[PDB]
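Novice: Add chain B with the ligand to chain A, keeping to what the hints say.
The residues making up each chain are set out below.
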Amino acid sequence: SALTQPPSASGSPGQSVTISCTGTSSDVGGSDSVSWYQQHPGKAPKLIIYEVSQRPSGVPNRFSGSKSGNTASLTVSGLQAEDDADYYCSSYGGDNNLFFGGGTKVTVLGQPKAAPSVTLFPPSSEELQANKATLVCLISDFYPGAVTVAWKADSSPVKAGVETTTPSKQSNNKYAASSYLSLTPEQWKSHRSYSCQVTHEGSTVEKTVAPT
Amino acid sequence: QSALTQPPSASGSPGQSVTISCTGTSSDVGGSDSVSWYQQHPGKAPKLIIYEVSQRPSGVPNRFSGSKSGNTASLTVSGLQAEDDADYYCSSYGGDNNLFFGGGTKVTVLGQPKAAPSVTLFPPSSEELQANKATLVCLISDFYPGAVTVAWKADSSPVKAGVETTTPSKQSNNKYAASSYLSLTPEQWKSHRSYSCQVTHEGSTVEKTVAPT
Ligand SMILES: CC[C@]1(c2ccccc2)CCN(c2cc(C)n(CCN3CC4(CCN(c5nccn6cncc56)CC4)NC3=O)c(=O)c2)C1
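Chain order of the listed sequences is A and B. If you want PDB author numbering, it's the position in the first sequence, counting the first as 1, plus 1. Oh and the second sequence: position 95 is 95 in PDB author numbering, straight run, nothing missing.
So that you can see chain A by itself, here it is in the shape it has in the complex:
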């Protein structure tokens, strides 16, 4: 996305959260045109801040917007249950364009936080004999149910062939998901290693495997 938002934030009821929205001098830093939008999953989004700091009618004053340089910030004071939602920012850009952030998932904690268990599996022998070298990164027992996964070939980001499942609540009431990277046997055997990077509650865990 043109603007950078942290993928997630959290707080317990009554706490405050600040989520950021970083651009460049030619968009976020070039005018006072930042807006913020709130979306509960599967419902229409809602404008909650415009022109950096302005609340539309009916938006409570615990939502506030500010800006400094090329970073805009939304602060939600006194978190309430209804504040659990995804939040997007936007700014006017260059050449009559509109730039959006990628969204921050705000969780109002409903249970204790729990860091993921991460396990990275190299290609199984059966799939290698079938000309497939899919890797799986298993991520379990975490809360909140927000996680961002990145893969690396050696040290280079890998975007192609990545899929990650939507975290789902398991029998222990914590979340699990899997990310799998669809590699050919040639790709697997010819790199020094591949890594799975799991960020949760702003903490990027990394696991690495290599051919044996």
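Rather than coming from a laboratory, the hints here were simulated on the basis of the structure. Treat the hints with care, since some could be wrong.
Said to hold, decoys possible - Okay, derived cross-link-like pairs now, DSS-like style, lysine-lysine, Cα gap no bigger than 30 Å in a straight line:
hint : chain 1 : residue 1 : chain 2 : residue 2
1    : A       : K133      : B       : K44
2    : B       : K208      : A       : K133
3    : A       : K160      : A       : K175
Unchecked claim - Estimated spans, in silico, between C-beta atoms of each pair:
hint : chain 1 : residue 1 : chain 2 : residue 2 : range
4    : B       : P186      : A       : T5        : 41 to 47 Å
5    : A       : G162      : B       : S32       : 41 to 47 Å
6    : B       : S126      : A       : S183      : 20 to 26 Å
7    : B       : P14       : A       : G15       : 47 to 53 Å
8    : B       : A45       : A       : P61       : 24 to 30 Å
9    : B       : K44       : A       : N98       : 17 to 23 Å
10   : A       : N173      : B       : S11       : 36 to 42 Å
11   : B       : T205      : A       : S54       : 56 to 62 Å
Claimed, not checked - From the derived model, a few chain B residues whose C-beta atoms are all more than 12 Å from chain A:
hint : residue
12   : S27
13   : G31
14   : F64
15   : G70
16   : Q81
17   : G111
18   : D155
The beta carbon of each residue, even a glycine, is placed where N, CA and C say it ideally should be.
Specialist: Here is chain B with the ligand on its own, set in the frame of chain A:
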């Protein structure tokens, strides 16, 4: 602040067209050409697909056409593809810096192709065994529709404890994926001749088997 009016649902078969409407008032949809449309796959960031009533941003296929008559904007999606199955929202700026949104239309692409799961069973990784853990993962991908049941075997016998299977989720190929993981101790893993994962989808079952080495 009033919503714009969108039908909650619309549908079409692959290759077919669908037109969905967005009715506002004279001071929003009817008052200027600032009507936008957004596509959103459940659980994902949306994508603006139309701005200024009719303009597609870069990368939006020309299968998406926007128009307006009076207070009603319309989106037509031609040549429906599986990837078009999504929620579609409209918006319009009005006066007083207000931005109005429709409630969303879920467009269903009917009759999408059935697909059997690709099932890949992974034995415990070296790292986790050194950490005194022997979790197995059965990756189940590229199936459709998105219902699956999973059963595990220790040698030939059913496993009744330690199984978790994630809720199937639709991936970028518009087919579902899930993982089942069996949380064994290294002792349980080493004390059996093999472990198997059986996936059942639309009455057909696929079984994979792994063993210590
Ligand atoms: C307003 C309600 C939002 C919403 C939230 C929840 C559900 C539904 C909608 C808030 C978050 N929204 C996003 C959020 C995101 C991430 N992306 C994708 C990222 N992109 C696409 C783009 C590309 C350039 N472009 C334009 N090209 C030419 C001329 N234009 C004039 N105006 C724009 C352009 C379109 C926008 N810029 C940008 O950063 C979106 O598209 C829209 C829309």
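Novice: If a hint holds in the structure, say so; if it doesn't, say that too.
Specialist: Now the hints, each set against the structure:
no.: 1; hint: A:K133 x B:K44; in the structure: holds, 28 Å
no.: 2; hint: B:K208 x A:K133; in the structure: holds, 15 Å
no.: 3; hint: A:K160 x A:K175; in the structure: holds, 27 Å
no.: 4; hint: B:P186 x A:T5: 41 to 47 Å; in the structure: holds, 42 Å
no.: 5; hint: A:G162 x B:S32: 41 to 47 Å; in the structure: holds, 44 Å
no.: 6; hint: B:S126 x A:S183: 20 to 26 Å; in the structure: holds, 22 Å
no.: 7; hint: B:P14 x A:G15: 47 to 53 Å; in the structure: holds, 50 Å
no.: 8; hint: B:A45 x A:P61: 24 to 30 Å; in the structure: holds, 25 Å
no.: 9; hint: B:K44 x A:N98: 17 to 23 Å; in the structure: holds, 22 Å
no.: 10; hint: A:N173 x B:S11: 36 to 42 Å; in the structure: holds, 38 Å
no.: 11; hint: B:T205 x A:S54: 56 to 62 Å; in the structure: holds, 59 Å
no.: 12; hint: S27; in the structure: holds, 15 Å
no.: 13; hint: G31; in the structure: holds, 17 Å
no.: 14; hint: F64; in the structure: holds, 17 Å
no.: 15; hint: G70; in the structure: holds, 22 Å
no.: 16; hint: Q81; in the structure: holds, 19 Å
no.: 17; hint: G111; in the structure: holds, 24 Å
no.: 18; hint: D155; in the structure: holds, 18 Å
Hint check: no violations occur; every hint is consistent with the structure.
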